[PDB]
Amino acid sequence: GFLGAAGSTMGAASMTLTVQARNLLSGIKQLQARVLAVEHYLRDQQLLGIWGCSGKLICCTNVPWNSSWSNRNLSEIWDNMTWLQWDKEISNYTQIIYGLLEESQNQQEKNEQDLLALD
Amino acid sequence: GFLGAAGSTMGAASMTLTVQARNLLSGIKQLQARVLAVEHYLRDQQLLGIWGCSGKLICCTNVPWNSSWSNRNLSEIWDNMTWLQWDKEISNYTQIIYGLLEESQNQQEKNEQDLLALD
Amino acid sequence: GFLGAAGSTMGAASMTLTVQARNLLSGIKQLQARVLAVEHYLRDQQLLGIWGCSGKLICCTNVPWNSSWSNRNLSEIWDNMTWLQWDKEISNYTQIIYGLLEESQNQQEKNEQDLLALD
Amino acid sequence: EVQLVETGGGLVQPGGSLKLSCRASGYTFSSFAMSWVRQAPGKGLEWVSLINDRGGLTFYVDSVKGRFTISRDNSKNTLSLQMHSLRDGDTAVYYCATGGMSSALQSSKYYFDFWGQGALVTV
Amino acid sequence: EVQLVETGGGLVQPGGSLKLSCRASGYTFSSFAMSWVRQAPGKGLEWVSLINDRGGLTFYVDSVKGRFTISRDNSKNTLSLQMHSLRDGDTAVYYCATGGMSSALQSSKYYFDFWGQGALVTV
Amino acid sequence: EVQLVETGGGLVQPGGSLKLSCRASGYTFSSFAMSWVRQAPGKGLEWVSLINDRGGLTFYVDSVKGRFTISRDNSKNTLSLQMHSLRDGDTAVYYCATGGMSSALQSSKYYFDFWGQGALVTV
Amino acid sequence: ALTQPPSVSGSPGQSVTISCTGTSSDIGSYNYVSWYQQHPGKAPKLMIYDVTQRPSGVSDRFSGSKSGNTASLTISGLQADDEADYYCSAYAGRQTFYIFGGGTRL
Amino acid sequence: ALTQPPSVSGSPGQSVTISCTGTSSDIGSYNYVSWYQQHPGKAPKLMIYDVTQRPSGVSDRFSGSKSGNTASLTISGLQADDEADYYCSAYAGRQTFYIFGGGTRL
Amino acid sequence: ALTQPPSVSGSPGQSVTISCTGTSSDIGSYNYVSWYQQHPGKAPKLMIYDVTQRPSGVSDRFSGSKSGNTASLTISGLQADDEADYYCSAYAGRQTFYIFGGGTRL
Ligand SMILES: *[C@@H]1O[C@H](CO)[C@@H](O)[C@H](O)[C@H]1NC(C)=O
Ligand SMILES: *[C@@H]1O[C@H](CO)[C@@H](O)[C@H](O)[C@H]1NC(C)=O
Ligand SMILES: *[C@@H]1O[C@H](CO)[C@@H](O)[C@H](O)[C@H]1NC(C)=O
Ligand SMILES: *[C@@H]1O[C@H](CO)[C@@H](O)[C@H](O)[C@H]1NC(C)=O
Ligand SMILES: *[C@@H]1O[C@H](CO)[C@@H](O)[C@H](O)[C@H]1NC(C)=O
Ligand SMILES: *[C@@H]1O[C@H](CO)[C@@H](O)[C@H](O)[C@H]1NC(C)=O
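Chains as they are written, first to last, in the authors' numbering: chain B, 521 to 546, 572 to 664; chain G, 521 to 546, 572 to 664; chain I, 521 to 546, 572 to 664; chain J, 1 to 52, 52A, 53 to 82, 82A to 82C, 83 to 100, 100A to 100H, 101 to 111; chain C, 1 to 52, 52A, 53 to 82, 82A to 82C, 83 to 100, 100A to 100H, 101 to 111; chain K, 1 to 52, 52A, 53 to 82, 82A to 82C, 83 to 100, 100A to 100H, 101 to 111; chain M, 3 to 9, 11 to 27, 27A to 27C, 28 to 95, 95A to 95B, 96 to 104; chain D, 3 to 9, 11 to 27, 27A to 27C, 28 to 95, 95A to 95B, 96 to 104; chain N, 3 to 9, 11 to 27, 27A to 27C, 28 to 95, 95A to 95B, 96 to 104.
No lab work stands behind these hints, which were simulated from the structure alone.
The C-beta atom is built at its ideal place from N, Cα and C for all residues, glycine as well.
Just so you know, not all the hints are guaranteed correct.
[As the list claims (entries may be wrong)] Taking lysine-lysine and the DSS-like style, the derived pairs with C-alpha atoms no more than 25 angstroms apart in a straight line are: (1) D:66 with C:100E; (2) C:100E with C:75; (3) M:66 with J:100E.
[Said to hold, decoys possible] Chain I is nowhere near these chain M residues, computed Cβ spacing over 12 angstroms in every case: (4) 7; (5) 15; (6) 54; (7) 61; (8) 79.
Take these sequences, add in the hints, and give me the full structure.
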């Protein structure tokens, strides 16, 4: 169910991404709320597109983890932690990660264009 | 032209998908109608994305046809039937198919993630 | 910065596509303006999707350049010209190009469907 | 009935070029995939090439990928094949065949439904 | 402790079929990838096949891609292997192994953590 | 004019490592793709490796894919090559070359515009 | 290529068996092994399509079957008009579309 | 396959070195060369995982290392109970998952 | 590799033809066969790029052509200063970027 995995581990919660994805979209004040909700949804979809993740819910990238953002083990993050705790721990680093993801995709797009240009 | 293939066979009509796709998007009451039309469009695009079909008009999947949904031959469906008749015949099975498509894509995304994890 | 490449060459400006892409989305009269801005954004995303470019900012296609649209050299276009000048020079040919891109993607989708149908 | 009639050349020196043109009638040409199948004078038959119903997709045997081009004109009901660098191992009767593929929305073929009489290509 | 116990056949004529079934206990079966590793009576060991923790992905050695199928039932805590066309070069002890892969959100394995006792497949 | 000047090592025992560094001037370094081309003392020339103008893409001859790494620093106007496991068949003069590729928005190259003098790598 | 005996024979009115053996990637994994009958000087005609199906116009004396990696054609009620070269053709995937066997003279 | 000497020996209480050499695509590029100890009549046990790491339950007399394309296992304090066949296993990519060496009898 | 005669010669003032033959995947399908002139002890210089184009600084006595799978370089007005080793270089796709021929001594 919607948000039922919120208290579950990140691993267990990663298997229910479509439930929340479906639920995100599902006078003047209500029109403003609906237009803003659409704009937010589209901003998140645009941001995924910029990263090359436009059609994926689980999207792997070419940006390495710095370890300064979090030096936890994979078992500590995926088995012993929830998504709310993880989001809180790295709330100060999401703009750095987003910037790196955008730069990495821009480099990937240029590399793909150049590879396609080889006769 | 828009919907000109509605009376044509499913095969013939499958070649005009961009005409309708383009035409789908093309005070308070009109704003509500426009916001709702956008929300519907986005729900259909989100649903395609959940299935891994975010950028395609004709998207092949890994979900087998049960034959209980319809036991017709391919010539009966694609050459001797229209999309309105087909939609009516399986109107009671679209939620089962949609659920299977979502589950299949979730499995595909996990498999892709695990394949990418092989050094 | 946003539109900072407007006076730069097409080559130099092609490296800042995410800045404008991010900035494009970022009572009754304002709701109409916001709904229309969303509809325009979605029309451009739908048009890219029709061409098979739904997740890309730089998307290569299978449509050849006719040379009647512009007979300039690549150095004249990418090194000695800006995007505003280029857009002005081919403003009378964008509907022909868009039509060819749509037809080419429709052919590509049918070819992909037929290739996937080989056991 | 369904008929396929080959038109083509005869003796061509090694390393040259030759084009075959196959006319068809009795069925809708654009509804079937077409193939060329080769039979050496003293051997059995082998598949050489396959073209889709629309003509967009072509497939070849590895040994002929760089020598043979298969094309089809659905308005002229004509299937043609063009071959370059004719090697001594390519002398044979070349038969037109209808079938061998279908475009996803049709029942499976993976067999040949109709045959022509065959053009003789020698070197 | 962790135990893997093989059940399987014995002497099968050349070209036949044989299926192995490996029971496991002492750990959560669905949390680990499983492999089969083969040891000829007079040789060392070689990897034969790998299955993921969920069972969706299978990998095989090129020499066995057309003969062996690996599958796992996570509700029965059972890993089975089925082989067809048993060649003379396939006679060996087949060991179950736990490890060899992990599903991206787990630490890397690329090694085998636990071993069974081995079924003897002969021809 | 345009000049490319090689710096590098000399005699290295079989199986060791050697790095070449090529300085360039007279043109914008970041605007051209760079290649390394090898000439054995008694043979003609063969292409060894290619790097893009930005450095993101590298290509190698199959025989050297596991031994040579090509890299470029566009701020230092420097193109370097590093090779490991130097085999006896790799002794040769290694020439820097400007050209061999372009990044899609430029006219086609697929040829080398400028050459250096060559470093001699022996074993 | 697929391997079948080079020659098959029998008395008129009796049945004969023609068969070809391939590998797991040709006949085993794909249920698409057709059979063709070629008279000397004539183009081959389709006799069997799919493993067991017959085209319209062909009599029911020609019947296909498959077991393991071997495909067979049984011709019952042998006639003098059946003395023709028979070939099997198997679908072998996307890289190798069709593999034909050698001929057998009946 | 990976190549190691067929036989290793030494006096009890002394150290021995067991090593196997592979290529750049097997041992060199991937830091995943495990070692196994197999007693005759018994299944192999895991002794070393990763290049240098040991599993729980194994004593610290078994220590791994790698240099270039050659992996080594040093066994200090040799005991009579260590006379077993040792194997190395390297991860070799996605097409060839694992490559095992021949055995060495200690 | 591409094959050209190992030696070409002629009287000063006369034209000579240098040519190399490749396959359909090297010279035939791609119109990118360049030519280089290498003096002993010196690095090669670019003489011809593309099938028929000349770089700036090279005289018009050097002219390229292509027919079928064979590329040629015609050198008119032969000078004593032209006695150098000539090589052809063809683009051969994405897997094999460049193929050079053997040299010819003029
Ligand atoms: C909540 O914690 C308990 C701890 O015993 C665990 O068993 C349970 O699965 C957790 N709930 C969810 C939804 O993960
Ligand atoms: C990691 O983050 C720190 C702090 O921002 C930074 O100084 C360091 O360079 C980063 N390292 C990498 C590899 O990004
Ligand atoms: C309508 O039916 C007729 C039947 O003769 C057919 O020829 C025609 O193509 C159909 N129209 C469309 C738009 O398919
Ligand atoms: C087909 O549908 C029926 C009815 O819902 C169901 O009982 C059956 O299991 C389905 N079969 C498959 C293969 O999905
Ligand atoms: C504007 O033109 C000058 C010409 O000297 C050039 O140097 C500069 O880069 C140009 N500005 C931009 C933003 O491209
Ligand atoms: C180029 O454009 C002209 C004018 O519209 C047209 O006549 C010509 O056929 C076009 N050529 C191609 C190859 O599209």
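Results for each hint:
no.: 1; hint: D:66 with C:100E; verdict: holds, 18 angstroms
no.: 2; hint: C:100E with C:75; verdict: holds, 24 angstroms
no.: 3; hint: M:66 with J:100E; verdict: holds, 18 angstroms
no.: 4; hint: 7; verdict: holds, 28 angstroms
no.: 5; hint: 15; verdict: holds, 39 angstroms
no.: 6; hint: 54; verdict: holds, 21 angstroms
no.: 7; hint: 61; verdict: holds, 29 angstroms
no.: 8; hint: 79; verdict: holds, 35 angstroms
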